[PDB]
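A.B. asks: Residue strings, one per chain:
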Amino acid sequence: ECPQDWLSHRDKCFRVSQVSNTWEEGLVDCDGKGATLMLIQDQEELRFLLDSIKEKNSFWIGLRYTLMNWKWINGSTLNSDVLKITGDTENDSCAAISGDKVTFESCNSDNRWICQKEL
Amino acid sequence: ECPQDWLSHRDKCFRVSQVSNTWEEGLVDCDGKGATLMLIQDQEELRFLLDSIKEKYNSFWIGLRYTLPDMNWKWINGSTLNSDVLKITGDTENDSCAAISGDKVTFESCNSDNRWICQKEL
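Chains as they are written, first to last, in this note's numbering: chain U, 1 to 119; chain E, 1 to 122.
Hint data in this document are derived by calculation from the structure and do not stem from the laboratory.
Heads up, a few of these hints could be off.
[Stated by the list, open to error] For each label pair, taking beta carbons as the anchor points, the in silico distance ranges come out as:
(1) U:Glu90 <-> E:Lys87: 48 to 56 Å
(2) U:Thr77 <-> E:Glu1: 49 to 57 Å
(3) E:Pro69 <-> U:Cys2: 21 to 29 Å
(4) U:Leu78 <-> E:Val105: 36 to 44 Å
(5) E:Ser112 <-> U:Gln4: 44 to 52 Å
(6) E:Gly90 <-> U:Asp5: 28 to 36 Å
(7) E:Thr36 <-> U:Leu78: 27 to 35 Å
(8) U:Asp100 <-> E:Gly90: 26 to 34 Å
(9) E:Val28 <-> U:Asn79: 51 to 59 Å
(10) U:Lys56 <-> E:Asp91: 15 to 23 Å
(11) E:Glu44 <-> U:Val82: 30 to 38 Å
(12) U:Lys56 <-> E:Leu64: 39 to 47 Å
(13) E:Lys33 <-> U:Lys56: 21 to 29 Å
(14) U:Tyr65 <-> E:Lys87: 47 to 55 Å
The beta carbon of each residue, even a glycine, is placed where N, CA and C say it ideally should be.
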């Protein structure tokens, strides 16, 4: 059995954050619960979760990497004001669940997150 | 002195729900936590929570509800809703429930799926 107030599914306990915040704040929140950011095991896991949650925000998952001449489809370069909010100082890219898909965005965006524990 | 994982503000504690579900499910969820669905003292209190949650477009059930009589539902053109549409219109309880949505309180059918805020008084 899982701890109180954690969703159960197969071998895993899940917890969904109360608040929205950076990818890093979600990861440090999870560690503090002795958990980690959700690592999607399969389509069935994800849909189950989303069925229980019924959200209509994104959720940060345990995926991050570090990314370039950015151009629009017409050939013109992205000006800096746009670069500002397409990305961040660190030029990292952090993954979130937004419905049944995995989107990628600046780690400084505010989303909710899911923490997981292996029972 | 607020329980762990409750948000602290003046002499109140708040907890936002992990999940979205009916107004009644939130009512009962909070009761099981020794709390009630949020009762708003003032706008400051509403803004604190929003600035905490950082989700100013979602809807949050609070502790306010009314019911209606059973209604003869017509379209704006004056014609009657046929039974096949009435089967998926509104809810059994003919109720409407209050929800925070940004700096406002709107009413929505009580069978919608929204997150909720429970409050305890600290």
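A.B. asks: Output the numbers, in ascending order, of every earlier hint that fails for this structure.
C.D. replies: 3, 5, 7, 12
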